[PDB]
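Just passing along the structure, written as structure tokens.
A single protein chain has been omitted; all remaining protein chains appear in their positions.
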């Protein structure tokens, strides 16, 4: 038997619905979502850390000259100077006056401590979704975890469920994302090949242990003029540290909709937006026919003291009399009033009490105990406590959020 | 043969000119200003440095009448007290109780190490302007420096250059200027003999080693009320040091027209402003008869694509059919398109390339090769790069700065 | 030489820094920066002859005279 | 990758700031100073080996260094003569090879020094060091009780490794003391029982190996040409203060010890805020003595987050809608608070004060209707 409805996508807040057939007693059906993750497909292109300039010991050729040919290591900057007379602790290192030349070079590679303190620049798009939801049918709780596209199925003990597309599709990540030390930022980093000195992305490398890295940090070798031998140089500030001092707050404490973000697969889990449509199929093992159901007649209700809030504050009393004795579901049909209870035992001439929560000042909602419908109404005062730690189980709907007395006055 | 000329006072760049007589071969003439220093007439009036308060040993008189004289030291300040009882290491320095008196004494003088940072106060007025010219003519080069006053000629071995008065007249130095450690400030120090405690000129002295130091820094003595012996005092903060704290930018980084100020004669050397018309007189020995320089026919000027800019971007080529080997001068008869070279080697039927630097969108100027006049007109585009390190050679002139297309469109 | 008044002049035409004057190292080919100063001392590990010429301690009694006279090789200090 | 030190040797650097406040040659020049820890540990690298004797047999209480004298050999000195100071004295936590580790308060320089009697120097380089904390709630000394977070701190054991250092061939080192300028002709005098080579342009090129003193043909000046020995085969790190050999290839590697490791660490928790309730709002009554981070965010399509470091005893006002907000004060767990309708005035009043209730809720949509 097929059934379709639109459960709102809010984790932890269940909702109630019933199914009806011919010659079968209606049964309870509540679908609540326990967890919901939003995992996009990413693409890593390079990883960066702060540089560590390595200057090899300079080369001098006495009473001669030499040139230098380019190499492949990162930011290899070479330069030759003519007319130097190098000194060190043992003086007179060169037998030549203004004829010997020295050679200077200074490349760049990763620091030895940035196997932990590195940043990975990803590129995310087409964020998919999956959700785990509890389904209860005929007092037979079942656990499921399916995708969200309107194609992929999910089965567990004869429970076939199909979830439709989201009303509004979005992801909390922009096109370009960057991760360092387990927390996600949101930055517009340079592409793999456009390096700018003094900014993030100063060093590019596909892997942290790679052999052929590329970078440019505008090394400029100055001409030596001091007595002894030493190569002078000036260099721009490391882009990684400069961005680190100006990183801003992470996306952990900024993403909307209350999405909390895991970082190992770069998820975005447990946050609420839109409505997910469902299509649930139920077997016949949990359906009882009218020949075994208890018959209910002459339903009567009165409310004691109603209040509209997020917690179950309203109180309902249902007086009845039946023919047989057994278990009979009770459900509130209005979309602005849900019942805390799911099922209640029925007897000959009993009288049961219930609970409900509403979002409208008028608690005019119709309930049905095994199909015997009834109207039930009274006024509800606003609550004094206006700050709580529990989300509202029902949404605000116009034509009911305004009191009936106001309707009479303005009509 | 005299030739009155106006030369723009911009050091480094030349300005070409052509001198022509009746029946004589034209002679080239360029004038380059290489150094232009203007020296005001200074008059030192006093020097000042940080003072050093010296307090001589307090004289005591053990119950005796005691008063002080008046000396000629710097800021002498007496005060005689009553009812003291000094205690040195051996206590009870007199026998006479509560009737002995001491006199305080405190005069100021120059600091031991203020001979290196002493500030000199100068008065400057009526700055002349000395210019070192460099004139060439007929392969003959001369190096002479002249005064710019309208009368006195600074003459070389053969030349006689009466440099006339300069059009504009200004002086970066105010009426009062202070000097310290080679940096030229611009202050208004108080006159000699009228000081102010806590400002510049707190202490005055004609020579640095002079003994007639006059000062006024309101040092006041207080009555001693200590068990031991010492003379208290409260002196105002040094004016020289407090001025040094907030002296401001020197005049080496504020003077207009780009003068770099040297301090030994207090120069304002090597800047550009105004015009300095001259009156040269070339000796007749450097000329030559017109029947010796070659004559030419069929002269046409072709202008290649140019960009009007400070550098010699514009190109030019010529055609001719000469009759005799020799050297002929070349010049452009426009006031907004300076050529590049003056002398050229004219063969029988060859071609000569030239260069210029035009400031107008259209180069419709006249080129004179060895006397013959030809005109060429062309259109060429604005330059590509809009920052150069070379000053402009000619002026906008506000006349040819608009193109002929705009001319005939508006007319 | 003397390309500016803040440095030192040598007859080779080379203008060297004033900080290189009388520092125990011959800098310019003329060797003029050491001729006008009072010498510090002989080194702690050096020997002083009667003439004052510093003699390295390694060059003592190695068989070859090195000082102005040969007092480094004299038997009064390192006997044969 | 090797670990024996019998095949290597230290060298002489050129410290920018010696003990006498002037740049000079020193045997304890420090090359690099890493400060990427969390307790404040520092991995100083110098040009002298620690923990080995003259032959390199791994003795914990002896360190090597190059001598000053001209017949240069590696000498010895006791280990308890090494002191490190940045602003006050540091304390030594370990040492192996060129490297050593320390921990000392933030300053502006990193100095190591031999406090002996004969060999006594103190190299110094410029390095900016500031105290670093982990998480929020800036602190000076970690508390005895607090939540445990992830720290990355150097481990004190020398048998770790994080890095890749390279030793090269030792370059030639000529000495001016070998030469003689006796009367007119230069003499090259080798030391006692050692071989030296001369390479020089006295008229033309000439090179030879001698052990005894010789005079050189056609020479008149002692500065014309140089001499150096050939008994140097032990490897030297490619510090920029040496001369490379004729080939200068990679000829061995050594470990950089004291690797960075993940380790839990305590962190203080702040005083719990006292929340008061008002219509569509929250007034936190915050109290802290050191910079504590307070951050809030909404739960709708827009989050308009906040982030401020507070230091004194203040109070902040936040606005909470129907979707609610959360705030993470200090190191505490986040708490979510939703708001509901408590607009003054009953929706069922006999007079016409119905508007003033529907004016707080739906503030603008009630005037138009």
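Observations on the model:
Letters A, B, C and D mark the chains as written, and numbering starts fresh at 1 in each.
Here, a contact is a pair of C-beta atoms (placed from the backbone, for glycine too) under 8 Å apart; a residue touches a chain by one contact, two chains touch by 3 or more.
Looking at B:34, B:54, B:128 or B:288, the residue that reaches the missing chain in the full complex is B:54. Per the touch definition above, the residue from B:93, B:317 or B:364 contacting the chain not shown is B:93.
Panel shows subunit C; residues 6, 17-19 of it touch the chain omitted from the view. Of the residues in subunit D, those that touch the hidden partner chain are 14, 16-17, 21-23, 108-109, 124, 126. Across the interface with the omitted chain, subunit A contributes residues 198, 218, 220, 222, 224-226, 230, 232, 234-237, 242.
Methods note: only the chains that are shown with their structure count from here on.
Centre-to-centre separation of subunit A and subunit D, using mean CA positions: 36 Å. Taking each chain's centre as the average of its CA atoms, subunit B and subunit D sit 51 Å apart. Taking each chain's centre as the mean of its C-alpha atoms, subunit B lies 48 Å from subunit C. In subunit D, the residues that touch at least two other chains are 70, 177, 223.
Each of the following residues of subunit A touches two or more other chains: 91.
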